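Participant: Chain by chain, the residues:
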Amino acid sequence: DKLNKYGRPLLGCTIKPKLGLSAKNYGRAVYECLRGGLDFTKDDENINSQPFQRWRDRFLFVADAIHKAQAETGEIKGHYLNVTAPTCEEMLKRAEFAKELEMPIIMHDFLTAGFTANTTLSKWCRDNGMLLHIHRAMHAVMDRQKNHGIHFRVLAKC
Amino acid sequence: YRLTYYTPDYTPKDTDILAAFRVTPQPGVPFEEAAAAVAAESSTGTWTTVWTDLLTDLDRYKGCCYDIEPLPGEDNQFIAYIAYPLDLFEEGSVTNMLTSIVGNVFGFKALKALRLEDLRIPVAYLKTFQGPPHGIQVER
Amino acid sequence: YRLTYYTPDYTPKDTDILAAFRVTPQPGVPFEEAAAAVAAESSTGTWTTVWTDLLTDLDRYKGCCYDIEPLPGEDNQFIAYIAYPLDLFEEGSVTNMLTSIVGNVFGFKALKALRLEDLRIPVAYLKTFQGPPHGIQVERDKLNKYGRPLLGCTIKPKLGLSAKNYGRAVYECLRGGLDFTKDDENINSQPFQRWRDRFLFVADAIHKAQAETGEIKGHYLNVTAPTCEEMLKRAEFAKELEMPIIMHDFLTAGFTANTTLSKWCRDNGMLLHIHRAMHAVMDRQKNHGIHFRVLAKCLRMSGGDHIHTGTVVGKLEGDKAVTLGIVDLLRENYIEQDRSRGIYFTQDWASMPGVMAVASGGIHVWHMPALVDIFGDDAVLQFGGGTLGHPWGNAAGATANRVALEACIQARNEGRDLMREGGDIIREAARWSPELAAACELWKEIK
Amino acid sequence: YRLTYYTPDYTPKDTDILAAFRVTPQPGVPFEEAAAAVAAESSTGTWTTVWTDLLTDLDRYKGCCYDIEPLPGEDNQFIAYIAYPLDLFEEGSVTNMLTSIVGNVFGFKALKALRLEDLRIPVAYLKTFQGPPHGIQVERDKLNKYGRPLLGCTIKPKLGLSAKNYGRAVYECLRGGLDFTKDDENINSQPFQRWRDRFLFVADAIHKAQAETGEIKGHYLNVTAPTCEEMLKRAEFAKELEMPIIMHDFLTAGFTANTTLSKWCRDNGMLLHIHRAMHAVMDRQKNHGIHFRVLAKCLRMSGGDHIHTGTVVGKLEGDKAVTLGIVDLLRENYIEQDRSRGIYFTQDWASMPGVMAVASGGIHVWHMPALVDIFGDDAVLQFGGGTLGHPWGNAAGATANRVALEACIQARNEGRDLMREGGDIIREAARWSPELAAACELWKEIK
Amino acid sequence: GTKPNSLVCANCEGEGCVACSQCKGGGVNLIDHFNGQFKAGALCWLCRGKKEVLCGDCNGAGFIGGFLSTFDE
Amino acid sequence: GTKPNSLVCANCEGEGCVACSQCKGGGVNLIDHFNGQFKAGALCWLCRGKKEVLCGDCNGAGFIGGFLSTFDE
Amino acid sequence: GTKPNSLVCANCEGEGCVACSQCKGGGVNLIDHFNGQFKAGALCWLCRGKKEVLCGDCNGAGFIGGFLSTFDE
Ligand SMILES: [Zn+2]
Ligand SMILES: [Zn+2]
Ligand SMILES: [Zn+2]
Ligand SMILES: [Zn+2]
Ligand SMILES: [Zn+2]
Ligand SMILES: [Zn+2]
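Residue numbers (this note's numbering), protein chains in the order written: chain A, 974 to 1131; chain B, 7 to 146; chain C, 18 to 464; chain D, 18 to 464; chain E, 32 to 104; chain F, 32 to 104; chain G, 32 to 104.
Mixed in with the good hints, there may be bad ones.
To be clear about the criterion: a stretch of chain D counts as covered by chain F if any three or more of its residues have a C-beta under 8 Å from a C-beta of chain F, and this derived list gives those stretches [as the list claims (entries may be wrong)]: (1) 114 to 128; (2) 166 to 177.
From the structure, some residues in chain D lie toward chain F, with a derived Cβ separation under 8 Å [stated by the list, open to error]: (3) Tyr18; (4) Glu50; (5) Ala51; (6) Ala54; (7) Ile352.
What the hints contain is simulated information worked out from the structure, not anything from laboratory work. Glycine is no exception: its CB is placed at the ideal position from the N, C-alpha and C atoms.
Construct the complete structure from the given sequences, taking the supplied hints into account.
Facilitator: This is the structure:
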C-alpha cells in the first residue's frame, strides 16, 4: 500500500562492490538503477560512516537520486539507507535524518548490532512510518554447521 | 593466473587490522586460492579489476592474505593471516568491524568450515574507542 | 652531568607527537643544555628524578629532545626536535595539545626567544579528531563545481551599511558570476547592523542570484560571537535559511569554541570557512611565536573546510615555497619532509580530509593565470578591490573575474603555459568581454 | 597630502575605545604616516574616501590616531594612541573587540614590529559585560576568609598519578593549612587520569580536609576541554559535588569558551580560577605582540575571579612596577594613568568587581613577608616546590607556609616593617614551628 | 563454474570478463541485428567498442563460491 | 607601490583613485571606442562620467603594506 | 643560581638535591635541636634519615629559568 506495487515481486539492486566511491558517485549509481526500472537499491552492509564516505553525505545524494528517479518514472522508489551504527543514539540519529529526507525505507544489520538495538529501531519505524529492510551479516557464524549453533529459521522467527 | 589478494611479500602496516582465520577448505581447493578468496570475500568480493576499474581509488579498500601457515592434522587446515586497511572501518564501532570482517566469509561455499582465531586491533583504531568505563585500577 | 632529557639515540615512535623548536638561547648556554631544558619545560619541568621518584610510572610522561640541528647564523640558533608520548594528550583536543607543548616554554628565561616551527601529529592521535566537517571532495559535490578554483569576494570596506544594502552588494557579486561572498570579519552583531537582519537579507540575495544564474551560491555568514550559545544560535539560523556556508574566527574565538562549531557543522551539513584574524600576533616574527603551519594543522584537526593559507604569485622559491608547504600540508593526505619548503616532519593525515586554500589580499584579473598555475583547482580566490572597484559596479567586477578565470582554465586544458602566456590569455578574453576590458584598464599587468 | 586618520587635534570621547600601540616602523617611514596607517589598518583599511563615499554614514566607523609619542629607546619606535568609536564593537564580546583592533595590523608590511601595550575600555562598553562571576568581596564572603592573602598549592609535577593518589596529595596540602590546591594545567582528561575520577577524589579530599580543620577548602578543578559541551559538562559535575571553585585556560580554550564559562559560573555560584597557559607566545617579546595587561583587562571583562599576574619581591622600581600596574588594573575600581607602571590610560571600571591576583612560580617561606607587603590581602600565593618539597611531606610543607603567613600578618598588624624585618619575622616563627624550621633549612633567605 | 582442483572461474579463468561473442573481439557488428536497428560496421551492439563484456558465471569475481557468483544460504 | 622613504601609494599620491586614462579626466569620450558602440563625445565607456577610477596599486587604500593592497601572508 | 656559561643549577649541579647540612650525610642527629625535642643519635630532624633534601634554588628542576625555579612572568 505505501509503495503502490501489487501482483509481482519487487526488484532491488545492491550497489556492491563500489566501496570507496564518493557520496555523489554512489548516488549517480542509485539514480541510474532506479530510473531504469528497479523499485529499490541497497547500501553495501560494510558502509556505515567511514573516511571515504560519511553517512550524512550518502543520505543526501541518495535522496536526490530517489526524488529525481521517482519524478521521471512516476513510480515510488526507495533505497535501504544503512543506519547500522556504533550506538543506539547514532543509529536513531541516522534513522531520523532518513525520516527528515522523506525516505520510505532504511536497513539494519540485526545480528552484528543486536536484538536490543533492532527492537528499538523496529518501534521507531512503527512510530515514524519507515520501512525496515533487515540485513543478516554474520548469520553463517551460527547457522552454517549442521550439528552446532542456531538454524536460521529460529533467527528469522526472532 | 596471478592472485592479487595473496601477497606474501606484504608487510602489515601498524594501522592495518589483521585477522587470523583457521580455514578448512573443500578437498581439491589449494590453500593459496582459498586464502585469497577468504581475503576477497571479507572485503571486495572479487580478485579482478573489472568492478574496481569502475571506481576512483580502485583496490585501495581491499583485504589481502599476507601469510599462510598449514596446521597439524588431516583436516587440511591452515591459518590465513589477512590485513585490512584502517579506512575500511567506522571509528569506534565494533558492530562495523565485525560486519566488515565476519559478515559473509563464514558462509563461503568453497570452504567446509572457518574460524576467526584472533584480530590484531591497531593502536590508531583503538584510540577511537572509549574502552572500559573504568577498568582495573580505577575500580579498585 | 648526563642530560636524561637530551637523548640523541632515541628513535621516535609512530605514536609520538614531535615538535621542532627554533631555540634562541641566552649567550654562553650550550645547545644541549638548552635542548634538554626545552624538553623538560614543555613537559615535567625537571631534569632530575627527585619529583619523578615520588610517582608510580616515573619519567614515562616526559618529553625528550632526540635531535639537535644547528643553523647557518649559528651563535643564535638551533632546531631542537622533541618527542612526547601519545598518553600525555586528551583525545580530540587541540586546546590541550597546545597547553601541554606550548604552555610554559615560551616564558623560559634561559632563552632569548623560541618558535615552534612544526608539529608531527601522529596517525593514532589524528583518529581522535573529526577533522574538517566536509573537506575538499565533499564540498565540491555539495556545490557542484569542478575542474576549477572557486571565486569569492569580501564585502569590505563596507562597514556601516544596512543589512539590506549589504545584501544588495552580496546579490550583485554573486549574480555577476562569483561563487561566494564573505562577511567582514569585524562584523558580528553591532548597532549599525544586527546579525539576524544580515542573515535574512544575505539569504534573499543568495536565493535570488542562484535562481537567476542556475549555479549554487553561498555567503560566509560570520557566526563568531561572545559565547558558544550565541555562536550556535547564529549557526542554527543560517541552517534554518538553508545556507550552505558559514565563517568563524578560530583564534579570536578559540579552539574550544571552534571544535564545537566544527562538530555542529558535520552534524548539520554546513560548510565552514575559517578566517584567521590575529594570526600575525603569533606567526609574524621569525625568531619567536608559532609558525602558521602549526596553526594550520591545528585548524585542520579542529575542523575547517576553507582556510587562508598565504598568497603567492612569484617563482615558488624561498618564502614563496614556505606558503606552498602550508598548502600541501592543508590539502594532501601525505606530505614528505622537505626543509626547503619549511616542512620539518613527514605528515601522514590518514584520510582526514583536506581543506580548501583561500588566496586573498590585493589580487585582480591579471593575477588570475598565475594563481591558477600555483594553487591549481582546490582553492578559493578572494577578491577585495579586484571586484568591488570596477567602475561599472559590483556585478561587472564579478563578471570580469569569472571571465578571466574561465579563460585561464581553457588555456590550461589546451596545454598552454599560464605563467608566460598569462598576459596574452587575459587580453584574448578581453576582446570578447567589455567588463574584462574595463578591469584591464584599472589594474596593471605583472612582468 | 593631509592624513585624515592622524588627527592630533582630536579629543577622545568617553565612549571611545583607545589603544596604545608601540609601533616599530620600517626605516625611512615617517611616524605620522605609520601612525595614520595603523589607525586605518585596525579599522577600515584605507585613508581615502573612495570606498567610504559608496556608503551611508561614510568615515564614521573609522579609527584615528590622536597622538604620537616618540620614545628615546632605539629611535624608530613611538607610541601611537588610537581611538575607536563605541559602535564598532559587539556588546559583551572580547572576541569581537580583539578581532576588530588586533585582527590585521600585526601583519602590516610597512612595520617591522607592533605591540598593543594598553587599551582604555570605556565605562559604557564595560556595562555590556558581566565581568567576573564573583570577584574579591563576594569570594571572601563565600570562603569566610579575611585580612590575609589566600594560600594555594599546584599539584605539579605529579603527572601520571591515579585520581586517588592525586587526591591524597590534595588532601595533605589542604589538611596541612592551605586554602586551595590547583590542577596541573596539562591535566584535563587523559588515559592515566580521567576527569570524572579526579573530580570525585578531589571532592573526597576537600570534604575530609574541611571536616578536620573547620575551614572551607577548595581545589581548582580543570574543566578546560575540547568543546563547550564537554567544558560545561565538567563544570556541572563540579557543581554536583558541591565544589566551590574550578579552573579554565583562557588563551588555549579561547575567549568565546571563557565568556560562556564565566556566565555559567555566575548562574551557578561557582568561583572561577583563570590559568594563562601560552601567554608568553604573545606577551614575552617587548617589540611584538600583546602586553599581558591588555589580556588581563580582557579577562576581567570576559570574567574570572582569580588570574595570574606575575610575581615580584624586590624594590618595586621599573619592571617590578609594571607587574603592580597590572595588579591595580585587575583589583582596583579606578587606576590613574601612570607611565612608570606601564599604565598608558586612566581606567574606570564602573564597579565591575576586582579579580584576585595570583602570585606563582618558585616561591617559598622566606618570600612570605615580601609577598604580603607588595601584594596585600587580595591575592593568592600559589606555591609549587615550596609546599611539596618539604622533607616531612605535603602536610608539613603546607603547615610551614601557613605559619609563615600567620607570622607576617601579625607582624604587619604590630606596625613592623615586613621588608627589612622579614628574615627576623620568619626566624622568630621558626622557633615555635618545627615544620617552618625544617622549611627554612631547604630554602635560603633573600638579602 | 569452477576448474579442476581449483575455485577459479572456468569461463574467464580469474579475469572477470570474457571476449565479446557478438563481434569476436573486433568491436564492430559483423551482421545487422533486430531488423537493422544495429547496422553492420558500426560499434558492436553488445559491447559498444570495448571488445569485452563481464563474465556472467562469476559476475567479475574470478572465483566461484562467494556472494557475487553464488546463491544466498 | 610606494614613494621613497614612505608607505603612501605613489600611483595615486595617497588619494586612492587616479584620473581616468580613457576620458583623461573630462568625463567624455574622445575617440569612437569599439566600432562606435561607445561613440565619441558622449559618456566615457570606462568611468561612465565619474572622471576617476580606483587606483590599481593600492585598491583605494592610499598606502601600501595593508590587507587591501598587499598579498595575504 | 646557574653555573658559568650554563643553565644547570650551581647549588646541586643538576641533581635537584643536596646533602642534608644538619646530619652532614650521616642520617642521625649530632647535637640536640628544639630544646631537646629531637635528641642526638636519633633519626635526623630535617631529612628523617634520607640524607638528602630538595635543592631550594631550583626546587628539584636541575636548571634555572623554568616555572619550578623562577618567579611567574
Ligand atoms: Zn568468470
Ligand atoms: Zn562486442
Ligand atoms: Zn594608489
Ligand atoms: Zn573616463
Ligand atoms: Zn639545584
Ligand atoms: Zn639529615
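Participant: Please go over all the hints and tell whether each is borne out by the structure.
Facilitator: Here is what the structure says about each hint:
no., hint, verdict
1, 114 to 128, "holds (count 6)"
2, 166 to 177, "violated (count 0)"
3, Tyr18, "4 Å, holds"
4, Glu50, "5 Å, holds"
5, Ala51, "7 Å, holds"
6, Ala54, "5 Å, holds"
7, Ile352, "33 Å, violated"
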